[PDB]
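A single chain, nothing else alongside it, follows as structure tokens in the form deposited in one PDB entry.
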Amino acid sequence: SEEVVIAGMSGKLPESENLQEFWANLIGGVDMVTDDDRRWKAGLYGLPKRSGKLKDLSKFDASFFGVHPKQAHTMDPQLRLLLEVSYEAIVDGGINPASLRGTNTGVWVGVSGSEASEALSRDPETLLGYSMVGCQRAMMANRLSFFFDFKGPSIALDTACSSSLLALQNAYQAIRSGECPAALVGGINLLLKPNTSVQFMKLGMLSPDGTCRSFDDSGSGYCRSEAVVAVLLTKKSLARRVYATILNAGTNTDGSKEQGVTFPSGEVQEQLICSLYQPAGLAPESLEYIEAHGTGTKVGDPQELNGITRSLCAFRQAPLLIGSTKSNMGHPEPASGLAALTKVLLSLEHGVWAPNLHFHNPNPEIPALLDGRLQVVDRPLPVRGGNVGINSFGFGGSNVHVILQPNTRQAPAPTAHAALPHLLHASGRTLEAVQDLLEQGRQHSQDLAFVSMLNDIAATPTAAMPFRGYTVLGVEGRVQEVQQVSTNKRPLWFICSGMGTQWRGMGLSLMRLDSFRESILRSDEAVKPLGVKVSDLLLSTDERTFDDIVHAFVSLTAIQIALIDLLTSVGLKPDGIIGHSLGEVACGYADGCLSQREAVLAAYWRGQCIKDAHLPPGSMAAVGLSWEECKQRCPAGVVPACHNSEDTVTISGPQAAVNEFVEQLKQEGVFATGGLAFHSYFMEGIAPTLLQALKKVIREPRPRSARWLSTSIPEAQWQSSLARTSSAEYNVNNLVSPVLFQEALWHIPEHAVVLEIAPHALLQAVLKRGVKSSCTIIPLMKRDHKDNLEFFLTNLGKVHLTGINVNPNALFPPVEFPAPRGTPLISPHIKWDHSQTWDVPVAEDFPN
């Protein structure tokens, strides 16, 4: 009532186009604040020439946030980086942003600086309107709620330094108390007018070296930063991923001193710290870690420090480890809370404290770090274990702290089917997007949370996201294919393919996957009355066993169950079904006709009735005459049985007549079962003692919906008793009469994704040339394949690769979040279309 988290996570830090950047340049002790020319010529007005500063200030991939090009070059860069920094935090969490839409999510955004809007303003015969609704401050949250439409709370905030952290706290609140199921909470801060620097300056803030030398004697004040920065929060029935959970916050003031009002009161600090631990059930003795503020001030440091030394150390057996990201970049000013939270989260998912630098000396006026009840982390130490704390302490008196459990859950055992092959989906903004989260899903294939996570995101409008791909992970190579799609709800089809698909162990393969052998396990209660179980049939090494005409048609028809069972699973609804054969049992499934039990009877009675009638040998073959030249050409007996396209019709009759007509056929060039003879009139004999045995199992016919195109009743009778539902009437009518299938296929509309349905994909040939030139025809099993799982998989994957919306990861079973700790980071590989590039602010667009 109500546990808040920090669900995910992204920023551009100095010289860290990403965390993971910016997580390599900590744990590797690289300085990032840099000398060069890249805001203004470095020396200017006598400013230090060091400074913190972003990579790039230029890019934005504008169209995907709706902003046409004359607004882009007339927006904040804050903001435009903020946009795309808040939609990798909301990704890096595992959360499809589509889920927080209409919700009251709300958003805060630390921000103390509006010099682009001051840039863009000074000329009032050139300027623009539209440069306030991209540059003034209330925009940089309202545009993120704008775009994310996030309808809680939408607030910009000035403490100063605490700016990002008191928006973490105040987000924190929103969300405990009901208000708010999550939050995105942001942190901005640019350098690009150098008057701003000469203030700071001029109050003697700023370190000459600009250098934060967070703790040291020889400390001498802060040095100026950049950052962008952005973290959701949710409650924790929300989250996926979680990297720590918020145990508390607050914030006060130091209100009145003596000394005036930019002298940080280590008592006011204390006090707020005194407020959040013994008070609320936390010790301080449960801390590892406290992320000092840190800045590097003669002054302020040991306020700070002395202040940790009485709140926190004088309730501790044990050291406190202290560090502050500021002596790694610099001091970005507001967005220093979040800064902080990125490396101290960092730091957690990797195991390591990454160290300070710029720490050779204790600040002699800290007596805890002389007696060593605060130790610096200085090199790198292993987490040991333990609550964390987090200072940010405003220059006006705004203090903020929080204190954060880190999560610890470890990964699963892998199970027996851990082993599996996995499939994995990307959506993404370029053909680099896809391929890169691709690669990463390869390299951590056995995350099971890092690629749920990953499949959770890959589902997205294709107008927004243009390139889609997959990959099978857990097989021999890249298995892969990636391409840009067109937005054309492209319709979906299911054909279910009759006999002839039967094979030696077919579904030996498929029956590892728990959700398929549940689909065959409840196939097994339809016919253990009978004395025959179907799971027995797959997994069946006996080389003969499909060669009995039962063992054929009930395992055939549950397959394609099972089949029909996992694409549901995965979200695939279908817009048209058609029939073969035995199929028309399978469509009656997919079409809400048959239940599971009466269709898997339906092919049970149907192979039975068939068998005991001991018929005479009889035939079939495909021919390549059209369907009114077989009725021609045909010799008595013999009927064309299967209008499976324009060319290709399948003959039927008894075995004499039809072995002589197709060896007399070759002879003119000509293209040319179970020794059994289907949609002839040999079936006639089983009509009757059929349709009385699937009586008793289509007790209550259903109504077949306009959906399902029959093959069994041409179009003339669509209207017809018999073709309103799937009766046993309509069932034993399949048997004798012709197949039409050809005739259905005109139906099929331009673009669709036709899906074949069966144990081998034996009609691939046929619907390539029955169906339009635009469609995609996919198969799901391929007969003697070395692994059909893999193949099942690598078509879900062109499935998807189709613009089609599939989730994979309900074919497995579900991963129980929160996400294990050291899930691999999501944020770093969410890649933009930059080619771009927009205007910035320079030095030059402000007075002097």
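C-alpha atoms forming the largest set that superposes within 1.5 Å between two forms make up the rigid core. Positions refer to the first chain, counted from 1. What changes on going to the form deposited in another entry:
The only C-alpha among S569, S121, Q278, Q655 that moves by 2 Å or more between the two forms, given a superposition on the rigid core, is that of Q655.
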Given for the second form:
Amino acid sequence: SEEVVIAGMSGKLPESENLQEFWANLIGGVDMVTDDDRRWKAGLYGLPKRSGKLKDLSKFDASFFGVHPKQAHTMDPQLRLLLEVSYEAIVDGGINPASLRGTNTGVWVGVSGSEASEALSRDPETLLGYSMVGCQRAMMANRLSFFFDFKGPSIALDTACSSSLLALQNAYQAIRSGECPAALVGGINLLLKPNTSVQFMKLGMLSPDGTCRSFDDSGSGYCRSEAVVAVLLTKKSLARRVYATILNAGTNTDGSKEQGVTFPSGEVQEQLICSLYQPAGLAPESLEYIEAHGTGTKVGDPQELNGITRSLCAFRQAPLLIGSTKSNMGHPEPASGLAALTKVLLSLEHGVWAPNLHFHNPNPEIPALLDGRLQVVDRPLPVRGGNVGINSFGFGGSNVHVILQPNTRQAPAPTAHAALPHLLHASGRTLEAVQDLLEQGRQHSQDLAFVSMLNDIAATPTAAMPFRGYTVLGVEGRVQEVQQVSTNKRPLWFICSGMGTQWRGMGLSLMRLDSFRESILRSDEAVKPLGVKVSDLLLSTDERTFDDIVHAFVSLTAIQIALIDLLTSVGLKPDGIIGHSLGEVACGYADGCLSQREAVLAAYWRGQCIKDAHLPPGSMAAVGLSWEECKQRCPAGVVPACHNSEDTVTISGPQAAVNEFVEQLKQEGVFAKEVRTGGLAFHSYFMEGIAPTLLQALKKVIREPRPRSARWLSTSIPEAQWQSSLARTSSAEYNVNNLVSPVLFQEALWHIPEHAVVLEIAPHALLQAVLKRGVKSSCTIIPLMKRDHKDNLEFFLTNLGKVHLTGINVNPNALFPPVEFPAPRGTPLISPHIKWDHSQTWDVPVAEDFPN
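Show the other one: the form deposited in another entry, since we just had the form deposited in one PDB entry.
FYI, this one's just the chain on its own, none of its partners or other molecules.
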């Protein structure tokens, strides 16, 4: 008792480079069996000219999989292709492979041949030991387990034609029982060695026409085909996409039979099917369609379909639809079951059954074809609803049957939170890969499940996926950016900005996000008793509301908090924090020293204690000279107040010297403008008359001071006394000290390391210009809001995408209400849009590499 779902799929089939191409051929009625000379001179040794073949075996993004070129040239192309296809299958489910690393996830691979092994070991003189590691059959599973870090069972298995569906069944049992949370299941077959086809020809199993005429009177054997298919199974609770739910599955074996080991026993096949329906409480009446093995042999077709008649049709009012993918693409031997499973799920996802080919006259030995109890799908029929069965029977008697319940979940009805703009990330091996995924997102921008899944798979280690991109969906522009990434560790720095960042109706754009709004309404609970509401202050576009120092300090800090809350919701944890002036309050919230209440109220009283105080009329001007040069050329009573950069220093004093010894600068052509402080001289001795009343209110607010982490660098206290006990905590004392001490900003920026990402946390990104000058060129400086930007939600999103571009992972899904998985039916496939770096070309065995 644990629910098992088919979550993701991918594959390569005859004439079909991915499952989109496979579908196109299926529903299009294209015969994928061909007669060219791809593997060997068609007709050689009197073999059928027709076989189902893959378009290509020579491509493999070796460096992504950690495989050096010498090892790649000696890998079974089965395995090279299965690595890609496996990755494609996992992400198709909307699951980041990283989230399964180290889990007890299993791998089962159905595989019957190792022809590359034979070829690559033919010459003792020149063969490589690596050939074993890349060709021994166990490695078809073990190398997958090695790459993905799956620590559950890792098993290669052969039951001939039933191998891959057996593999599925084994995986299903492992998940059901609780052994495994998930399973990668594979099926592979290649036609490299002609001698192999000769063996089957001499047994009389191959049709001369190279065609599986499933169910037709003129069936005379099967068509050999290739396939590489992979499917991700998970338990229901882990799944995002859900193609179908596995209701039951089992295997039996024909046993002893008078007629020989390769004569299939319809009677035992019947026993298997019977044992999985009524005994498990599942009615044959619930089936809509059964995918038969259907190899088109004189003997097997009647054994199978008659067994189906006795086990299923006999317990039914309605005709049972029946098909076989082998009619479309031939028989890929152990991969038959997964190949067929692919057709079934593709059919279900598009709402229409892909038809059989080659069905002209029913086999007269099969009563149910003649009386309509079985109805062959020879035209595209719509999917009316119901369960689906699948048979795979190996030529040594090993039988498998699985029962699927299709996922029929419909999409939600759209709501107001769906209409907001959304952010979409991608990563990739090539810029094409990223563009292709972003394009696919633009096109299905309203499918919210699809966008969630694509964001989840975008958070990938940067050495693996060196191109990244983002797009903002649901906005007038075409907002998109894509670039190559530095393999560097990129550390994350929060910068909380000070005064001068206020504006009319700031953050009203971001109240559409629930996490932002809830942070503002929580900031309201702190300052309601004191007669003010931050939401009312934001809403008010009375244009002088933020001239009041209390209105500004409280609103800036409450927003800085809401942004921090967003950044956190999205998974951004800072490596360093730095505050400028009033920013040191928000910094405390970011660091874990201050609760939201403590920070908002520290902002209130910091402003209210200035409002109530008689300080002498003072003013500040930024001036164009160094910190050191400001010591000398200042008069008395004017002091260096903010060390912004080595060019820009704010000074503070009374007008009694500030205006007149600003002109002794600006007559010598030096930069210098007054700043709108609301009439005060901050970060100077002049504020020291606030200390007693502020220190009292803040001791009633910051109950028990908590330590400041190493991550938080003070700008109030110079580096030499970071060890001091004033510095140790964010106390009432630290805060008061900030307000009277200078702002030692460039001093903290000297400590930001190479290749860092720096986020300016503030309702307008005032300090961008300073940060660029003040921190290393190798760093990337990112704003988060602009003043009077038409849409700040868009601006925030675009910049949050810019963080994804650096290499740092970001989950924008958390900004919006959670999507209810399982995803609805018909959510677009992801596997076909996964693009690899296929610039290299690897060796492939040829017919001449085998004996003759």
